[PDB]
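S.K.: Here is how the chains run, residue by residue.
2 protein chains.
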Amino acid sequence: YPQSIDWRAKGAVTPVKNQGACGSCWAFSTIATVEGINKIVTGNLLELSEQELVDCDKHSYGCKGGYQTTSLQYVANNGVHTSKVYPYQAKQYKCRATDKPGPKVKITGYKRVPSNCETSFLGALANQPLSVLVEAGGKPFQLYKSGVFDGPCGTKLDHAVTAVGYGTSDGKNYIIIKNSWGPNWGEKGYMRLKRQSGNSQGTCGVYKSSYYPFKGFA
Amino acid sequence: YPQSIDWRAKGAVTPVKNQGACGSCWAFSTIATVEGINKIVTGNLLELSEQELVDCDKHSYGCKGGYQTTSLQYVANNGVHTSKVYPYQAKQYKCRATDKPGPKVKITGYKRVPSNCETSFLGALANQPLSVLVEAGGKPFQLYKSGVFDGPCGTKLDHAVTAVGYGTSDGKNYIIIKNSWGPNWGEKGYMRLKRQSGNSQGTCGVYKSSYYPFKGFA
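Protein sequence lines, in the order shown, are assigned to chains A and A'. A prime marks a further copy of an entry chain.
The first sequence: position 157 = 157 (the entry's author numbering), numbered continuously.
The second sequence: position 93 = 93 (the entry's author numbering), numbered continuously.
Hints are computed from structural coordinates only; laboratory data are not their basis.
Check each hint, because a few of them may be wrong.
Put simply, identical chains are the same to the list, so a pair is met inside one copy or across any two.
The calculated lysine-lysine pairs, modelled on DSS-like cross-linking and capped at a C-alpha distance of 25 Å, are [to be verified]:
1. 39 with 84
2. 39 with 100
3. 100 with 111
4. 100 with 10
5. 10 with 84
6. 94 with 64
Using the sequences and the hints, build the whole thing.
M.R.: Set out below in structure tokens:
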């Protein structure tokens with residue numbers, strides 16, 4: 001893999017969104033990875049529907065939390081509609097996927113990045129954005145404004161975000177994270193998270209639970 | 001269905017191509033329908049590879065003829081590459097589909113339009129372009145320049161073309177056919193073929209063997 005990569009610069013990342021007061025982070029993270037792989041495979045960057053996952057992934061809890069695996073499986077099985085067609089409401093309603101037009105973007109399946117390992121993480125991120133989990137509940141994380149964040153934070157995973165690149169700055173290796181708290185949080189909605197080397201759980205548990213979808217066709 | 005329809009006007013038809021001195025009409029017809037459904041489903045008009053079918057559909061005979069069913073099945077199973085990536089050579093070579101990048105457009109499957117019936121034909125053409133067979137070997141068909149062609153021609157099917165619309169002109173109902181003989185033949189590469197009413201084999205056997213692909217995902 002290269003010394004650095006930024007999928008935003010490669011046109012595989014849509015603008016920062018805001019989950020509002022709804023615990024739909026799991027949906028946002030899954031959608032960002034799907035938007036990314038769709039662009040990488042087809043060349044087109046489409047904004048996909050987090051709302052469809054919120055309403056339709058029956059294995060998740062809408063605004064009360066959900067899972068990376070079940071939401072990615074949902075897209076692999078059913079495809080996902082565009083957000084234009086199924087816009088975000090920050091609330092869970094009845095699944096309305098069927099009454100929807102436009103295309104349904106589908107993925108073939110998803111894989112798990114071998115955990116707690118910087119090398120595996122970078123090797124996979126060099127190919128496409130990853131859905132990752134982090135402990136974001138601590139005060140420092142919440143109030144992050146800029147720079148390479150290195151805590152303090154533990155590994156009590158409670159938030160799903162999207163890794164969209166990595167690199168180094170001022171003698172510090174980092175990972176670019178796209179959060180779903182709007183453009184006012186952090187560095188225009190992103191955070192450069194310190195990259196722990198080798199075999200470790202990662203800063204705020206970033207290497208513990210990473211997944212990526214794979215898409216073989218258009 | 002409407003009184004008339006023209007998929008060219010709806011942006012679902014790529015420019016007229018020329019099979020050259022290669023009996024790859026079957027590949028051209030299949031590709032035109034796939035290009036059409038892809039646009040209808042995804043909104044993007046991509047030019048797909050006839051060459052991939054020529055080289056890769058092992059059930060067909062390259063430049064010596066082939067089938068509507070086997071070529072459509074090929075795309076349903078393997079998807080098809082863009083022509084940019086796998087350009088036409090008017091000759092059959094080794095299948096080179098695997099060493100190719102870019103996306104592979106796939107279809108879910110294909111269906112047969114109930115034969116010898118104007119109503120079924122129009123009902124299906126109102127939804128998307130159709131792969132149809134016609135007897136094009138006769139002198140009149142070969143030398144067609146303009147107007148609503150109504151023969152003479154029999155029903156000895158020997159050529160595959162694409163139906164891309166229908167309508168009426170000067171008291172005559174017709175079907176718009178996209179041929180693969182270049183832009184100099186007929187009406188800029190197209191032919192308005194007389195539409196026989198009801199239960200009949202159609203002018204030049206146009207209602208005898210029509211198929212269309214269906215695509216459920218992007």
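S.K.: Tell me the hint numbers this structure goes against, listed in increasing order.
M.R.: Going through the list in order, the structure violates no hint and respects every one.
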